[PDB]
Amino acid sequence: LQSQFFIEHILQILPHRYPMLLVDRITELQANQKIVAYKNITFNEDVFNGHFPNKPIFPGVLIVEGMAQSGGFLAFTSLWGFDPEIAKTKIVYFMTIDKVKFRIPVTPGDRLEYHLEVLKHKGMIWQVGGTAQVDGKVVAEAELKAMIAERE
Amino acid sequence: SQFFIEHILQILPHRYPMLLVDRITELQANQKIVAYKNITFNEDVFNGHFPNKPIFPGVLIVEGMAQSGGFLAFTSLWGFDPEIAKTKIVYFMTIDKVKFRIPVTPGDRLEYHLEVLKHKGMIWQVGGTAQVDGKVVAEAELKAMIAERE
Amino acid sequence: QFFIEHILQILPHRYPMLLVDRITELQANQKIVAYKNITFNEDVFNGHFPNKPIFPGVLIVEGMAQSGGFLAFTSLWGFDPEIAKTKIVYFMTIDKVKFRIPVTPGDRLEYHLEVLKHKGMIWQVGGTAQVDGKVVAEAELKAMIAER
Amino acid sequence: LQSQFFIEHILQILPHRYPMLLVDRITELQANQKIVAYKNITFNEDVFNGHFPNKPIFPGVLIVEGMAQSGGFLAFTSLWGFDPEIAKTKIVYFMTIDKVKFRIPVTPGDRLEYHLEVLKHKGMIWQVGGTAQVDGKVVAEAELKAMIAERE
Amino acid sequence: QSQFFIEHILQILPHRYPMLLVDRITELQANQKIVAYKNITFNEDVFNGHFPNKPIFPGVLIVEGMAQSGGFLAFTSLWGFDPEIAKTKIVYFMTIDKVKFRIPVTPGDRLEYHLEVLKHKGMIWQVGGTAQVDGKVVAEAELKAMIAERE
Amino acid sequence: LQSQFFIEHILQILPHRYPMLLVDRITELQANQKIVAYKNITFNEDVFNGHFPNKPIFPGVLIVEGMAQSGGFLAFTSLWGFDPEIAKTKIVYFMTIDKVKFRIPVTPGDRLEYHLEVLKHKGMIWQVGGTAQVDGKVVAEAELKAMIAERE
Ligand SMILES: O=C(N/N=C/c1cc(Br)c(O)c(Br)c1O)c1ccc(Br)cc1
Ligand SMILES: O=C(N/N=C/c1cc(Br)c(O)c(Br)c1O)c1ccc(Br)cc1
Ligand SMILES: [Cl-]
Ligand SMILES: [Cl-]
Ligand SMILES: [Cl-]
Ligand SMILES: [Cl-]
Ligand SMILES: [Cl-]
Ligand SMILES: [Cl-]
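Protein chains in written order, with the authors' numbering: chain A, 8 to 159; chain B, 10 to 159; chain F, 11 to 158; chain E, 8 to 159; chain C, 9 to 159; chain D, 8 to 159.
Certain hints may be false.
Once the Cα atoms are required to be at most 20 Å apart in a straight line, the calculated DMTMM-like pairs of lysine to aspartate or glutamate come out as [stated by the list, open to error]:
| # | chain 1 | residue 1 | chain 2 | residue 2 |
| --- | --- | --- | --- | --- |
| 1 | C | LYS152 | D | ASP105 |
| 2 | B | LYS144 | B | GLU124 |
| 3 | A | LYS152 | B | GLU150 |
| 4 | B | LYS127 | B | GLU150 |
| 5 | E | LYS41 | E | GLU150 |
| 6 | D | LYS41 | D | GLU92 |
| 7 | F | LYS62 | E | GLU92 |
| 8 | F | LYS108 | E | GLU92 |
| 9 | E | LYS108 | E | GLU150 |
| 10 | F | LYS108 | F | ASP142 |
| 11 | B | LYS62 | F | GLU157 |
| 12 | A | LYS108 | A | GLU157 |
| 13 | C | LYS108 | D | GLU148 |
| 14 | C | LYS41 | C | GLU148 |
| 15 | E | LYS108 | F | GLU148 |
| 16 | B | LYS106 | B | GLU150 |
| 17 | C | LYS41 | C | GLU92 |
| 18 | E | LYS62 | F | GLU157 |
| 19 | E | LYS127 | F | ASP105 |
| 20 | F | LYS106 | E | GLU92 |
| 21 | D | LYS108 | D | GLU150 |
| 22 | B | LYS62 | F | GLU15 |
| 23 | C | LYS108 | C | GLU120 |
| 24 | A | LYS127 | B | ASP105 |
| 25 | F | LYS62 | B | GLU150 |
| 26 | F | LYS129 | F | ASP105 |
| 27 | F | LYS108 | E | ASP105 |
| 28 | C | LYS106 | D | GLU15 |
| 29 | C | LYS127 | D | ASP105 |
| 30 | B | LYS95 | D | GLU15 |
| 31 | A | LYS108 | B | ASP90 |
| 32 | F | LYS108 | F | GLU120 |
Pair ranges (Cβ atoms, derived) [to be verified]:
| # | chain 1 | residue 1 | chain 2 | residue 2 | range |
| --- | --- | --- | --- | --- | --- |
| 33 | C | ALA156 | A | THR34 | 26 to 36 Å |
| 34 | F | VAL145 | C | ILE111 | 45 to 55 Å |
| 35 | A | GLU159 | D | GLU92 | 53 to 63 Å |
| 36 | D | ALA38 | C | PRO112 | 25 to 35 Å |
| 37 | D | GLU92 | F | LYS106 | 48 to 58 Å |
| 38 | A | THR96 | D | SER10 | 49 to 59 Å |
| 39 | F | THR96 | C | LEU86 | 27 to 37 Å |
| 40 | C | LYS41 | F | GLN40 | 55 to 65 Å |
It should be emphasised that the hints constitute simulated quantities derived from the structure, not laboratory data. Every residue gets a Cβ at the ideal spot worked out from N, C-alpha and C, and that includes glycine.
Turn these sequences into a full structure, and let the hints steer you where they fit.
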């Protein structure tokens, strides 16, 4: 299992697609422990047409979504390694989200870095927590519990 | 205390594709609000969440609850005032106790039920659930702060 | 009932031209009742019209045609995704359509279509579109199922 | 009143906008009588993503919409002439549609020419009828009645 | 053949919405020249931002269309209309030169691409020509691409 | 005239809007001499739906467009400084493009950096040339001449 993955790999693991695949690259990955990934934020994203006009702010809820996707990748690969065939049969679902705090607004030009760590894991149930960072500063923090379920 | 999309457009700064509230069916100042957003396949989000399996994003359910709550907080203090609405912004500070129980899909009428847990000055804490056909599909607590635009 | 997943297996239409979200009633060679939710979160509203969201009358008719199309597919071969994935549908005629009430975000656009006449791949249906029990539009149309 | 109008002029008269402004140019226009205009059809249009996958067919209902918009432009300029200030607060409602027949499918690379004639008009209520053509051939026939109304 | 419609173009070029900028091919002569075109309608997303109240088809996209026309010519020159083989190839465009824009392109225009092979050595194809609207040269450019095995 | 401009400033100067505003932030600016800016590349961009499926690659022509917009931002501010009022009355026209080379493909997660210098400028006509860089490496080269014109 490698520690760096690019968009082509992320595409083979996550079921998410435009306009909901919110992770561009993974820089650090340690099975059952943590992951560090990021998503570039550009004005050239449909979301900014409505959030907000003349005032582009990346939706906080999407920051959270990005962290979860990161956690989901971590969870899956921790269990099956880089296995596209199986990834294609599994799907990660949000069970809970807690202690979410937005400290700094994210805007075009920003590199939204996700820092998630495994707080608890047993089988398909994974609890992760971490922060979203921009230039080393915590722009947000959150905790979530995910479920690795069947796609059917 | 019915508001339709046109009224909503004059209060919330959110526009497509991030205005997630279609109508407000109930509103009690400083107490509660009930609103909803219809879920149809004809939404761009479904192209990627997920292909061959449309599921309205859980985070977007929370966003819709937030928008409803912000609408509740705003109108409670200033009522239906478009002019003042442009000079104020309601952004969220925290979100907690979020739980997803049932997946929302095209055909569902996503109803938001938020009540004021407490408020002090420009800091308001709302909480409640998201419902479809009378069942709780999600629940969450959010804290917002009303500030001057600019 | 047939949900979006089932509708996707029969109708060839896709985003942003799949305008039926669910099938509530189906009676082979007789009628069909289905609907589509109308939400502000639809790209059409950016241009119809700015500052005044009104669901296009022609799209209401399209939604009725699709509903009729689903009735035609199933009446012809039942719920068969395999043969369905090879056909498409062409509009042939549209007649006697009247719009009485504008459809907007928050509305539940319900399609009520019955078979007027049909032969082979050519189906002619007619009915109304309703929002909360009231008729918002009436129409008759004939479409043809074809091998793509 | 001119007889040739370009997209810029159309934008100043019709309230429609992307993705529902289906008229690119007006080639000839006779007040209270007829109008000839057209819309280019290209693969680079969002509708084609779903109508249909691997087989781009310009939706029949949108052809009708295009003719209605052509009629709408004719209706407005016949009423107030070319006046953008009056135009910016008017919208247009479809009232009825009749005797439409589609003969030939329209596809990317086609120049959809609208030919509408005024059958009857009274105040804001205009009833036009005509055809849509491609390379001199009739691909559609349609009769419609639309109402111009002040936004309120 | 000499005339390919959108159906055929789709089976040869990997490009898809919103980057497939060639609607039909009216002329094709293996190893020599290609004449094709793309209609320009207001109903295109690019016009939402280029520019508000002033729809001007982007000059770089005219070049892209020409490039796509060159790529179809090159490919068809090597294997003809072969969808199966098309799936295993890619045409990397290495350079662009001598491009000049003479007349803006707008909704309602039939952008016609006129390209010819200027040189072909190995996997390298140098193409050049013009973009026309109603008989008038609207733009011109030279492009060089490399044929390679897709991956 | 400062040297760092964020998206809010770019929005008030350049007439480009979604989905054609391909410059997110200005990092260095020397009036009439040079500019360094960038655009973040994310998978969450509509253009990637078609360029190409299962293989996101930021279009070479769009990189040139990005360099042109950076040039346009330099040209305008050199001429009128930060003046939103006057910026509203202009648009930018591409006149020529030359010597462009595409050395390295640009993909999601990349920070596309634009480096442009003024080769010549006379009135509204500006000739700029430079490179596009990702992590200090030259990804593309180009020379172009644009013109700032009245919206009329
Ligand atoms: O500024 C924020 N949100 N929205 C701000 C905003 C919206 C509009 Br519309 C506007 O015109 C302006 Br002036 C704003 O600051 C924000 C600021 C800080 C954090 Br923490 C989260 C959100
Ligand atoms: O980087 C690429 N550039 N161009 C590919 C391409 C393929 C064909 Br056949 C063609 O005619 C052209 Br014009 C192309 O640009 C490329 C690489 C991978 C994939 Br999938 C598709 C395209
Ligand atoms: Cl936010
Ligand atoms: Cl979800
Ligand atoms: Cl209508
Ligand atoms: Cl059709
Ligand atoms: Cl240009
Ligand atoms: Cl490219």
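Within 20 Å, alpha carbon to alpha carbon, are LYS108(E) and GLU150(E)? 10 Å, holds
Taking 20 Å as the top limit, are the C-alpha atoms of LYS62(B) and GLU15(F) close enough? Distance ~7 Å between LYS62(B) and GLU15(F) Cα, so the pair holds.
Next pair to validate is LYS108(C) with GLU120(C); report whether the Cα-Cα distance is within 20 Å. Holds, at roughly 16 Å.
Do the alpha carbons of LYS95(B) and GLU15(D) lie within 20 Å of each other, as the hint requires? 18 Å, holds
Does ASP105(E) lie within 20 Å of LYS108(F) when you go C-alpha to C-alpha? Since the Cα atoms of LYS108(F) and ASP105(E) sit roughly 9 Å apart, the hinted pair holds (cutoff 20 Å).
When you check the alpha-carbon spacing of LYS106(F) and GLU92(E), does it fall within 20 Å? 35 Å, violated
Verify the proposed pairing of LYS108(F) with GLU92(E), using a straight-line Cα cut of 20 Å. Measuring from Cα to Cα gives roughly 31 Å; hence the hint is violated.
Check the following: the C-beta atoms of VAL145(F) and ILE111(C) are separated by a distance inside 45 to 55 Å. Because 52 Å falls inside the window, the suggested range holds.
Do the beta carbons of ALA38(D) and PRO112(C) sit within 25 to 35 Å of each other? 29 Å, holds
Given the hint that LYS106(C) pairs with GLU15(D), does the C-alpha gap stay at or below 20 Å? Given pair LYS106(C), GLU15(D) is violated - Cα atoms ~35 Å apart, limit 20 Å.
Would the pair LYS127(A) and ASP105(B) pass a check requiring their Cα atoms to be no farther apart than 20 Å? 19 Å, holds
For the pair supplied as a hint, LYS152(A) and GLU150(B), is the alpha-carbon distance within the 20 Å limit? It holds: about 17 Å lies between the C-alpha atoms, which stays within 20 Å.
Going down the numbered hints, you'll see the structure goes against 6, 8, 11, 12, 17, 20, 25, 28 and 31, while the others check out.
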